[PDB]
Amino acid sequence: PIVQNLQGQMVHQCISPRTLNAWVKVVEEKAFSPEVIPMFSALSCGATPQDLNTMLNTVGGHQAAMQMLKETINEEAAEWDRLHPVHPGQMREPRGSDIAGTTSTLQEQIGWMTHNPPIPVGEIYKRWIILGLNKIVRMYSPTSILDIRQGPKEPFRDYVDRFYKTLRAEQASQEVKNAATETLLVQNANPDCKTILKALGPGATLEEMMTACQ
């Protein structure tokens, strides 16, 4: 990554063994559960394109997902090349494959990221990666929100946990999520809870609902 030194300069620092292992282990343990993406984003704070490629390439399994991710990256790089076409001791301009770190050197990446003004190629690349990861997370979601119904003996809290875990993985637009909350959540509670909740009437907060059915 790029970090600030005591002289106020932004300089390169080697990716750490702790970071490398933390990412490898989160992919091993969580696969593509949604919380993998925020962790990726946090572990790649300040990353160069080289660092981001290191993190992706150190993953051993899930090569279907990793190939899909490559496809997404290449699509975003092609769009970059469409919007920013390119033409001696001077800084050249990055093409799509330069931002993705396959045709650029570390020193060029540092040059772009520390230039005044900066071309934040690490952050651009990270955006593309998260786009692909989002597609993977949604595809690997095991459950549809329509199949989440509170069991006759299931505590309401456990039902809500399942409901919003599913919603998070499915990644619908906020209007459709809101529709699901206003229509499906109470609709699919079990009869007793559903009675209590409907008695609470709309506009009740999730906290009020959960207290009522505890």
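Positions refer to the first chain, counted from 1. Throughout, rigid core stands for the largest set of C-alpha atoms superposing within 1.5 Å between the two forms. Compared with the form deposited in another entry:
- Taking the core as reference between the two forms, the lone member of 171, 41, 54, 33 whose Cα moves by 2 Å or more is 171.
- Taking the rigid core as fixed, one finds a CA shift for residue 65 smaller than 2 Å between the two forms.
- Relative to the superposed rigid core, residue 148 undergoes a CA displacement smaller than 2 Å between the two forms.
- Annotation: Cα of residue 180 displaced by at least 2 Å between the two forms, core superposition.
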Contents of the next structure:
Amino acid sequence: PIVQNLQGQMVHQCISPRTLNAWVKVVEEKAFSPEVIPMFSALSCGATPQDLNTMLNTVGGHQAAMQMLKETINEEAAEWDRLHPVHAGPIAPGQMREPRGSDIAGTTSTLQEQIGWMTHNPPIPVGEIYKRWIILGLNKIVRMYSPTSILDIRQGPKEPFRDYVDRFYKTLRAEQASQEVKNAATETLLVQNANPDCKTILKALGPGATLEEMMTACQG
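Got the form deposited in one PDB entry; could you also share the form deposited in another entry?
Here you get just the chain by itself.
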């Protein structure tokens, strides 16, 4: 990673054995449950492209997913190249060549170049750009290994309303839509997929009941 030391300077540090192991274990234990994304995001804080590639290369199995991720990266890289074309010419002392997409993904760039960009004044944050690409791919994978649509989450006749709501929002976490789309669909669908006794009570509350009010109302 690139971190600040105790004396106020951005420096390169080795990825730690703890970080590496934390990520490997997360994938082993949880596969591509939604929570693997914020865990990846937090474990990769400060990462260079080389560090990100290391993390992705240590994933055991799941190589269909990992290839889909490479394809997502390649599409983002091609968009970057269209938007930020490289001008040819000798690079001046006191300057860094402009990165292409393949450089941000660490494929055609050296570690020294990556540090150069990430610590330039002003910085070209190739780590952060690459990470955003990876997260877009990881979201696709989460959605793909999600077994269930929110349309199929229905409260059972004897199912406590809290357990139903737990299942509903856990399923929703795996959907790949904006938060606004998720929320408004949810309002109405949560009621619609409730069991007849709860649905009755929930209709009675009227629009604009908070979840807390809903869960109190259907406690038994």
